[PDB]
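**Q** Residue-level listing of the chains:
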Amino acid sequence: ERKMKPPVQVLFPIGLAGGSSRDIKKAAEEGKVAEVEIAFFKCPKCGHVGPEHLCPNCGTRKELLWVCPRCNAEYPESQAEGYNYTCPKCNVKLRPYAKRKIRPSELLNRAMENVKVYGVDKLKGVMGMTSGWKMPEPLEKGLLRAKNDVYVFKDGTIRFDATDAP
Amino acid sequence: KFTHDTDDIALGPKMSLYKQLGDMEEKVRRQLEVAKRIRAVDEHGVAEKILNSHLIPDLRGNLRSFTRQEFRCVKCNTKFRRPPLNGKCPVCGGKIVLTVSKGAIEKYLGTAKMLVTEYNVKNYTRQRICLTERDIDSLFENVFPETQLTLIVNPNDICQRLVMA
Amino acid sequence: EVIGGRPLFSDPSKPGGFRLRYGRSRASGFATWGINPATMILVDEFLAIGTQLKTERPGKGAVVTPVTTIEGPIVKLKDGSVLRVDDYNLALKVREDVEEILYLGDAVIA
Amino acid sequence: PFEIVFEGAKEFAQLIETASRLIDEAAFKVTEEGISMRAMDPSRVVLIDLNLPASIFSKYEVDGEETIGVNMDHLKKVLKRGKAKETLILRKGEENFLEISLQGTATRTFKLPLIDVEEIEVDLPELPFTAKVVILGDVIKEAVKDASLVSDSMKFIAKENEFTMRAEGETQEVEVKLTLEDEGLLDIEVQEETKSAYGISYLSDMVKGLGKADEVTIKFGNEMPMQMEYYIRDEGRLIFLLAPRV
Amino acid sequence: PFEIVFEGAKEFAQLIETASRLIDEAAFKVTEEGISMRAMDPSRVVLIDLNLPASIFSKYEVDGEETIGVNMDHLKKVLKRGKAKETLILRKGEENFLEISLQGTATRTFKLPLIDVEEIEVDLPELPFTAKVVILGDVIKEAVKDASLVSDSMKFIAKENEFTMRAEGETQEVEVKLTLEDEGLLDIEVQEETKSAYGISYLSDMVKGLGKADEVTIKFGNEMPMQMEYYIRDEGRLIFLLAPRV
Amino acid sequence: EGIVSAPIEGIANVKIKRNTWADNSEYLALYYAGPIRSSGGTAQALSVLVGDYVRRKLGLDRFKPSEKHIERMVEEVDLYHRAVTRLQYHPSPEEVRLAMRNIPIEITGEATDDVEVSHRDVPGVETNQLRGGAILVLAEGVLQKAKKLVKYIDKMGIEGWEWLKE
Amino acid sequence: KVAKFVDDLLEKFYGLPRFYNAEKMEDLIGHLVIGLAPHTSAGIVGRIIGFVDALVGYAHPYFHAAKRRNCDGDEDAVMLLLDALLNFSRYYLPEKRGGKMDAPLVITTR
Amino acid sequence: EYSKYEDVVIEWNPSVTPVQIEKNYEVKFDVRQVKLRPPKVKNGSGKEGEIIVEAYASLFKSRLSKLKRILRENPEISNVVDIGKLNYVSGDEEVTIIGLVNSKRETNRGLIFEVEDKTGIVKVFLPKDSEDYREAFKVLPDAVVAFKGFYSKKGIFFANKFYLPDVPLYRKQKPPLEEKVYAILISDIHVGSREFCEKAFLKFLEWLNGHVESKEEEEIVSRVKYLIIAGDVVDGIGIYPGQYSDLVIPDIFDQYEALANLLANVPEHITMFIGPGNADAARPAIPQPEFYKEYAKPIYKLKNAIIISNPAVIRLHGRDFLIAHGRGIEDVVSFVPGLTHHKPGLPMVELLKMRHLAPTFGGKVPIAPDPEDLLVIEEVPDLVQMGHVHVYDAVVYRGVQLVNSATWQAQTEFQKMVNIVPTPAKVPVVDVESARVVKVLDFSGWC
DNA sequence: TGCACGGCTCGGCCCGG
DNA sequence: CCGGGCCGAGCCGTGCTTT
Ligand SMILES: [Mg+2]
Ligand SMILES: [Mg+2]
Ligand SMILES: [Mg+2]
Ligand SMILES: [Zn+2]
Ligand SMILES: [Zn+2]
Ligand SMILES: [Zn+2]
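Protein chains in written order, with the deposited numbering: chain A, 664 to 829; chain B, 1051 to 1215; chain C, 333 to 442; chain D, 2 to 247; chain E, 2 to 247; chain F, 112 to 277; chain G, 885 to 994; chain H, 173 to 619.
Do not take every clue at face value.
Claimed, not checked - Listed below are the simulated DSSO-like cross-link pairs for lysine-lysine, each with C-alpha atoms no more than 30 angstroms apart in a straight line:
id, chain 1, residue 1, chain 2, residue 2
1, C, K392, F, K276
2, D, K11, B, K1152
3, A, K695, G, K908
4, E, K93, B, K1145
5, A, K708, G, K896
6, D, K146, E, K93
7, B, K1077, A, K668
8, B, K1145, E, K77
9, B, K1163, H, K219
10, H, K212, D, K156
11, C, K386, B, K1077
12, B, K1157, C, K386
13, E, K78, E, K209
Bear in mind the hints are in silico, worked out from the structure with no lab data behind them.
All chains, please: the whole structure from these sequences, using the hints.
**A** Printed below as a string of structure tokens:
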């Protein structure tokens, strides 16, 4: 099989909170707070904010938030579309990500309640996302991969490497 | 179409023996036995010499990186091109570790000496190995002095024999 | 160059090495060779189905594949006898008594 | 073929484990007199000899003398499954398999393949030992454990009516002194002033495993090897040869 | 030049081990009445006070006064080398070496180099303490061990004839309640209700290694550091002050 | 045939430069990234030929290198082989000089190795480190696979490449 | 294991019926995979018809050539079609130059 | 084909008789003269991974403490303060800091340093308009410098002066001699190579024995008394891959035997001082105590040969000679733009100014893990000899003469590849009294 | 062609004082 | 019963070179 240089089961950044093995579960169980760069999405109706694609309160799709690198002003995707992805008050091109704070305990508990998979010992993530969007992966997929003993690749697929013969 | 037929398409050994040998000395010994059995290989002078031209680069290239190496902290990942003169990481409390250890230079020295003493190699390679050993034991002259005596000496070595001859 | 642990099976164009046969088997032809399993066994199983090797004449590199229709090695036993090991089971049986491999076998090349 | 049974298999396991701390491959010389062993460590720094006469064997039958060579690690791993209240039985047939049996509340049989090792004869003449000191195991073990804190070399000084051991580090100092008036020494016989030094790793490796109620005698001199003995089951004996420092 | 003799070195080593888990280097002031030490946490979060009057020691001879600066690790190792019934003697001569001599079956001696360490003399007089409770060391040790599982924060609650310590987490919750009818709460003097919180790492560090038959005294108040003190040999005592969190 | 990712990865950028040192005339340059080393000799040589044809059809002049450029490129090739990889091909310095003298485009790129060169501050070059992609292209493309390249030239009816045929 | 993970994903995260329903490796026969060389950006769809007891991937010579491979030492990848369809995304691709290699940005059907 | 100068014989010319001169000399420095105590571990069971780090740190400590004492000699330097206690100084005071140069960047305003000492790291800025800004622009790291200026509570230490250990401007002239004495310098003989030109060396050996052409040369030859060789006396074995085809004598024992046979032809009144180099059988990293005795015995057996170390200082008639090989020049050439191998005098003067023969660690020079730094020039010499660059040069700097003796190996394939031009068979002659080069011989006609 | 080798830390279990 | 000694996973770094 194909595994990254440190093995990874979900494409979710944890930083230094998880330790050497980037264990999301160990950081969550100790109540640590991690500071990393991710993409935050915001629900248009009520106003939930966090690294998720669906709002738990109402189950409606959120919108990516654009941040100003100089003044940290947040705009929804619809608003930034008119602004040509440039800050009007400032003058700098926006970015979809910023360095933020996350509490792994709430996210992991929500995921476990979502997929009804409670008995998992380890769950490895990444130190930092390498993309330009820094969009994370759902944690439910990581939980199911950990449960079924499979590993992820740089684009989200599971691959097997073998020699070829005719 | 095809020319030759086969009874079974997956008949024969399935795993290479190279993946079941642990030590380097064991690998070299098994490979030399295999070369000795086959009539048309002529191990005794070309196999061992061409093999020695694979461990010699490792030896010489690891002694030249010990004298110009960068140090690093165990907790941090900070790399210092020269060691901190207080003995500890300036930005934390951890201790400093080498990036090229002393045992990385002389991991292939025993197999190289066996290859030199057992088989027929030109005197160039034999002298290179003897001088490499002498140079390895001379760089640490005043950091690791030989303060330990011994009961029995002369284990049929080759370097001392070459020197006394 | 020879790496430690990777044997050399024949000197350049030396009689007693691999015998050249022109042809293509069921599972060879693109860039792969055809090898009898008996000579896979009688080299201490360093060769296995799919193991690469650096060749001399046609190109540089190939993958080995079993072909039982061609000849195998001729070996000299410990008591002085000579045998033609063209069979897989015979190679398994007589492996421990081998003293010298007189001939190494064939190699089908397209 | 032979049959050997021993009482208190835990003591035999401890002895084999102590032997295993320095050497890896060794062969046993079983004869009509008993069984004996001798080997040298790969670094050629320590030499261990040990014999077990028939006196300490409850039952012992043999057709003569034979050499048996087994892997030490596997032997001690098997021996460590025993208990202090079980009997150990060693048996071998014409086949090259060493059958080991432990008889307690049940009977279990272990099969260990044999191996061949070079039985080179290594021996040395009786060197001139000017000083001899007999002390308990506990005192020397404690002295070694204190010495290990500060340095890696331990120094001996033997004087008439005064035997002392020292271990000095870079800035810290450790010293142990005793006399025959004290309770830690049995007897001392020195012919002149003696000074020597030996490493801490080897000393800790060999001294470890000695009971408190053991009489250990040490023979050493000036810049010359050291010899240590302790009696086993009141009939046997063990030797340790250690090369000096500097 | 002073000579101080102590009996039962194990208790001394245990006390030094508890005192050495907060600061690495501390200074001891030897004076006729006794030895007193007041260190400071490197992060400035917990206070530790030492007081060892001359009444405990069997022999106590000293003239004038002197400060003794030593690093905790070497002294802790030397003391932990002491066995159950080893007499502990502390002696300093004209030299700059702090001699630790141990007496028993053998005379084992250690030496340490004194280190110059700055002294920060900050005396804290009596503070307004809302409540004072004395409980057995077993109860607090067990309660801290149980609360270490759920979270990293302990909440102390004291009321009229009621002592309650609680820890809360994301999902789990642990609470221990005590009252006069239990064998742990010896008595409780409280003028008014108070509540405060403290860290679990520091609490475990201070509370670890406390004997079961110890009348540990706890005094604390609303949003105010807790004071803890227990007696040693009916004459000596150790005092802990831990700053609160949030 | 649109399978290997040379057009997507190897060609980092295409820019137009002026011969300020000789005539102030314009020409075309190609920037090769790291991934071009995995494309293959045929892909690299075909990229060079396509660049030549596009420069011809855009009405642009020829790259006119100074001698210092030739010295810098020879030193770059030698040092890259000495300190990085075997290159599976050894161009003699005469071949390198001939290739530089007879290529109508500028083959350059970013730095891919942490080694400095001697001939620094060359005009038209914005780096002083090894250009692994460009030199690997020049070594294992037009030089290692000149037979297939001249076959393609003959099939393609392209003039100006007679030096390669010779 | 990959098929079990896909079935769990479909049943739990998305609320759809299972697809593979396999208990032994022989229950994957007739299902489709994707072959991908480590230096290309397009894949090719293949079908499983059997299993062998060797450490090689046997396939037609046209299958290996359509991935620009030579079959003398090369190694490629296979992944289940549905896994790649559900999981692959272009927003997880690194932003350096060598980030679009090994990615199935398009697949060939014939 | 195994000629090794077996039967080469050169006899003294009876037409000329040497004059009588008292042989007053002594070796003032040798690496196998300082007893370096090995460092002990911080605990009882230390291992290999910490003793090496401790030894390197102790070496750097010794370097800093040795080069700090030299700086505080000229009265112009005063008010030295500890770097650690810089937060307790007023903003109107003038202070000096001494430490190691970690790094040196360049900005539009000037240069920024990372000076570090025993008690912490401090940043330093030097304005572009400073009078000494030119000197500090081309200093390479790990050297010991002094900075003078005003400290700020906001970090950066603004400075207006820059100091190097340097060489004093004033010195007292030594008393003269009763008669003149001459000495000769040679380096990089490279015995056993194909590009080594033996005929030129035989002609030179003939020249030393009285085979002269002019009266003044005859007078000099009759007066010569000493001879110093500065490394690379044999081509060595296994220096680079593919050297076997480049060797005429592919045996290190035979290389040293042939070299010994060649040098035996000099008159017995000439005393050799031989030092090892980077191609001999000697220590992999500098300083090198000596040759490997079991490999270089024939050159030890020479009757008039005295084997010295690298670096070593020799005193002849009260004149100090700092004899070194010169592996440290390559770092100076690489780091400071505007210098080339063809002119090694300027890099040598820079090394003399810094008072260290190989400042930077981790570059092109291998530094051994010693507890004491022996490469610092403690005492200022009268003459300095070097080699390793195969190019002749000579300069004078504040009274001391800096000489770079040439090679005897003709240009090889590699030196052609890297565009290096050797100047073989050039030999400088030095007068003992003035410690200055007075004549340069040339035997390049044969080579 | 890149993998193969050394070293440091950090818990989970015995086993013994 | 409570405290060490020890294994077994993991995670980092490194592999000829003339002046
Ligand atoms: Mg291929
Ligand atoms: Mg030279
Ligand atoms: Mg040299
Ligand atoms: Zn919502
Ligand atoms: Zn803004
Ligand atoms: Zn650190």
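**Q** Now tell me, hint by hint, if it's right for this structure.
**A** Verification of the supplied hints:
no., hint, result
1, C:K392 <-> F:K276, "holds (27 angstroms)"
2, D:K11 <-> B:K1152, "violated (41 angstroms)"
3, A:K695 <-> G:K908, "violated (42 angstroms)"
4, E:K93 <-> B:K1145, "violated (33 angstroms)"
5, A:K708 <-> G:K896, "holds (27 angstroms)"
6, D:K146 <-> E:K93, "holds (24 angstroms)"
7, B:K1077 <-> A:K668, "holds (27 angstroms)"
8, B:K1145 <-> E:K77, "holds (22 angstroms)"
9, B:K1163 <-> H:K219, "holds (26 angstroms)"
10, H:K212 <-> D:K156, "holds (16 angstroms)"
11, C:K386 <-> B:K1077, "holds (19 angstroms)"
12, B:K1157 <-> C:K386, "holds (28 angstroms)"
13, E:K78 <-> E:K209, "holds (18 angstroms)"
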